[PDB]
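In structure tokens, the next block holds one chain alone, the form deposited in one PDB entry.
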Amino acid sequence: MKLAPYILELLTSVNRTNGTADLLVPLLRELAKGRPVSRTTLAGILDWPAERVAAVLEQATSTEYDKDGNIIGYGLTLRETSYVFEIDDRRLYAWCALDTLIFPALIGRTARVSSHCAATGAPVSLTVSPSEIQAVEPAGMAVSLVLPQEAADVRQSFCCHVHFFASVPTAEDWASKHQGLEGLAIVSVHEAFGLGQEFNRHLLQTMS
């Protein structure tokens, strides 16, 4: 289908005043190492005043911290979710299905991704590289999308509704019971990977 509305609202969410657009890729690359990331450390990597890092993270209310106050999650996370994101035999996690498709190009690594169908519990897996997906098991795997909402935190408004499904027909049956979700749509995992590619192209454009 036509995924411009999803691309547009995802970009608007990161490009928002005090949004994550310029901090996102450096933070994901740091989290990809598998250790908590200090705010002070992040400021140095970005060459920002601490003030600027804080205002961004403050707006990003979904950011996850550990007992020491270090960052352990923003899209990519060290805290267990339904979306397993394995890089170089380090098991990390992601906040949603589309995140798993987006991150490999941004961190320059291939990931072994696994989850379960949100409609049936069936195991699903695939290998996601910066340029392509492979080993899609099962081959008809699908993804749900919703429209991000103005000014809303991306995790409760978008991520928690963006799942893998075993197939498009299974996903459409599920979607028929959830039409209250804004802009709910079912796409193949390939279409979703394409959406991620478009998001990334625009993100990497704008990056200073």
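Residue numbers count along the first chain shown, from 1. Think of the rigid core as the biggest set of C-alphas that the two forms share within 1.5 Å after superposition. What changes on going to the form deposited in another entry:
- Residue shifts between these two forms, rigid core superposed: of 175, 46, 166, 28, the only C-alpha displaced by 2 Å or more belongs to 46.
- Remark: with the core as the superposition reference, the CA shift of residue 147 between these two forms stays below 2 Å.
For comparison with the form deposited in one PDB entry, please write out the form deposited in another entry.
Since only the chain itself is given, any partners or molecules it might have are not part of what comes next.
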């Protein structure tokens, strides 16, 4: 239940260059409107030249673009994933279970989150607000964690192993067949949410 290593490594992998955190929050808030985000829109919000925005994103290897070259994915995405993340009347998606717990606080909006247990396929859902989770169904929902790798693409090294599960026992049974996953751990969705809070606290402190 010692979570500092996860926080530290996730911060290091997310914070590739200066301005990343300054860029990320407004980007998330724009994406949350459910439409592709142009680099010029970001430039305007931030008061940066579009050239600088381009510089930041260049380092964010996993960033998803549409056929128009607009941003459609950076943690929160318009491209379908296993993690549905709805704000108001807009269906968005997230790259992993932990993202769904972290983003509402950064966006400042409540999200309806839904997915399926990675071990059993059972539907899972909850409401995530910037301060708390509610309507956790099933109530014993769990999350898998692994240790992020600093220089690797965050999706292939972290996101793809961070799932929701129907319960802790179910997830632990699943985990027994997943050795070599560095720092693989099962926590309750509540502990994962608390992890997200500490992550956010450290991330926001690095903003201008």
